[PDB]
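2 protein chains.
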Amino acid sequence: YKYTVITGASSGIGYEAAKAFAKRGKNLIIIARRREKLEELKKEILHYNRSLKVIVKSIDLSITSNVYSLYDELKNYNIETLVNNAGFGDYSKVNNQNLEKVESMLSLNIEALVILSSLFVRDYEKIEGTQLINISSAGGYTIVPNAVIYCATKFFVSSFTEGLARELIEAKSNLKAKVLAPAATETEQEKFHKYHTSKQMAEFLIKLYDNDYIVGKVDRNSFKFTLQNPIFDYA
Amino acid sequence: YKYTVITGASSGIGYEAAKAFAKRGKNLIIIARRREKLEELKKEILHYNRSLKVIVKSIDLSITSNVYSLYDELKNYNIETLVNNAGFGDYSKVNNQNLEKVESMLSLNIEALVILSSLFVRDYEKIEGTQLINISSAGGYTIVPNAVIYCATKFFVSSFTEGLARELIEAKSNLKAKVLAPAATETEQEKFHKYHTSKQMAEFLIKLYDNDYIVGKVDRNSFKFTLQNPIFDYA
Ligand SMILES: NC(=O)c1ccc[n+]([C@@H]2O[C@H](COP(=O)([O-])OP(=O)(O)OC[C@H]3O[C@@H](n4cnc5c(N)ncnc54)[C@H](OP(=O)(O)O)[C@@H]3O)[C@@H](O)[C@H]2O)c1
Ligand SMILES: NC(=O)c1ccc[n+]([C@@H]2O[C@H](COP(=O)([O-])OP(=O)(O)OC[C@H]3O[C@@H](n4cnc5c(N)ncnc54)[C@H](OP(=O)(O)O)[C@@H]3O)[C@@H](O)[C@H]2O)c1
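Protein sequences appear in the order of chains A and B. Here my numbering is used: the first residue of the first sequence is 1, the next is one more, and so on. Here my numbering is used: the first residue of the second sequence is 236, the next is one more, and so on.
So here's chain A without its partners, still in its complex pose:
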């Protein structure tokens, strides 16, 4: 059996992504801190399709050692798709920002994502049908006032993922890497401002998965979702 691994599966995009992959008949490994929420999701998925396998892994990915330990626990499973979706944003002027929150953004949005991505590439680069999908942000391509550090973490995610995707293509690897860049969603007034629901964003994630473009990005102004080629300059 093959598995789709989703971090940040207890709420938001990751929760709806788990449901979307389940509707496609995928076995799932769902990871987040809130164990009860993950168990709730598992029950919903199995009530929908009793034949699926769903593995719950409650773990804090902001601790480096937990990232490596999670990956080693996953070695007993054939991973078809890894979605690095867990992440955190904190909006503030830099001068009075809570630096412990900053540390969290760095550990989760950058470190956990790059380590899990790199371990997955190491082991699965040559395996047919594999996909790595990293969740960035439209703010990983445009700096947004009051989100300077958060945006910088997403510039990391976008540039890392584009670079890796192009490296894999140049190497003729079987594994593909792709980046999803949501704009405003319900997890961030609603009467006057455009946003996507988490369910809509999971649908866009499936579209990215199903197509052969590296970038799936929501324009921050028009809210149109577009599949497109890498955005950043490349040597």
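This list has only true hints and no planted wrong ones.
Computed list of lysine to any residue pairs in SDA-like fashion (alpha-carbon distance at most 25 Å, straight line):
| no. | chain 1 | residue 1 | chain 2 | residue 2 |
| --- | --- | --- | --- | --- |
| 1 | A | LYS207 | A | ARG24 |
| 2 | A | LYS43 | A | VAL56 |
| 3 | A | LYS93 | B | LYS310 |
| 4 | A | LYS172 | B | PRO380 |
| 5 | B | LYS407 | B | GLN366 |
| 6 | B | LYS328 | A | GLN131 |
| 7 | A | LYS191 | B | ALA470 |
| 8 | A | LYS126 | B | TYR326 |
| 9 | A | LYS75 | A | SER62 |
| 10 | B | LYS434 | B | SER457 |
| 11 | B | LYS328 | A | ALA235 |
| 12 | B | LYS261 | B | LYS292 |
| 13 | B | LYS434 | B | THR420 |
| 14 | B | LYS258 | B | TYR283 |
| 15 | A | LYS199 | A | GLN131 |
| 16 | A | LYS172 | B | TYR326 |
| 17 | B | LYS292 | A | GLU103 |
| 18 | B | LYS328 | A | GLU125 |
| 19 | A | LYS75 | B | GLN332 |
| 20 | A | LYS126 | B | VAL337 |
| 21 | A | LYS2 | B | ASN331 |
| 22 | B | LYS277 | B | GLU421 |
| 23 | B | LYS429 | B | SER246 |
| 24 | A | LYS126 | B | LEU334 |
These aren't lab readings, by the way, just hints derived from the structure by calculation.
Put chain B with the ligands on the given structure of chain A with help from the hints.
Then chain B with the ligands, alone, in the frame of chain A:
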């Protein structure tokens, strides 16, 4: 007594930057792991100008708690300029990259720089004459094959620093933030390929310090150094 604080001062750009600021009459706080190298630099500086105050701080900035401990010690001094120059690079394909090296790159190139930058902004944003200079890379604006993770760390540094610089301007803060983006230097056959020496880069750093532009960048193709406005898209 005011001080210019330079991380990564034991060799390379930071070493030459220390000498350049000493020639401008600045007292210095010089930081790196190799205490003996910092002590040698101090002796070279005082041979030139015996009246300068030069404080040696040997510390490993890849350890989070050390970054905060260092900043606490720096509270004993009036900091005029902070230069976040300590950094390193590792060139590899992702699939076989040393992840210990990756962790160190993340900790030093991103975490130490963002923490020290943010603490400095908190305390000095309203203090006339202060400057924060972060050392990125031309690879923080162009992704370079075989340097995917390194480039992503520098995309972080560039986007963080541009965002912060614009935030300070919008807030009418006295503190200025700027980013230096070197291309190839001697720290990275030779007779066919252009590069800047560390001394030349330190001269470009002084030019950035002296002028009214946020970005000082070496074009990867022409090796021309240009002072310019922020490069990344901004909302
Ligand atoms: N405009 C934007 O930039 C934008 C908008 C929407 C989404 N996004 C991105 O999309 C991703 C999903 O976000 P979302 O909107 O769905 O928000 P969300 O509802 O807050 O989901 C975040 C997920 O990550 C989990 N997680 C958080 N911290 C964790 C930790 N230390 N260890 C393990 N898991 C952790 C959270 O669950 P637990 O608390 O149970 O651990 C949750 O399942 C994120 O990368 C976010 O940055 C970006
Ligand atoms: N084209 C490019 O991308 C490019 C080219 C050149 C330079 N740069 C950037 O310029 C900066 C300076 O680099 P450089 O060329 O001058 O290289 P370098 O000669 O290797 O200098 C690096 C400095 O950082 C120090 N340092 C390294 N690790 C440290 C740690 N854990 N804790 C504290 N200090 C540490 C090193 O001294 P110790 O070993 O004594 O700690 C040294 O003083 C870096 O940010 C680098 O990324 C970029």
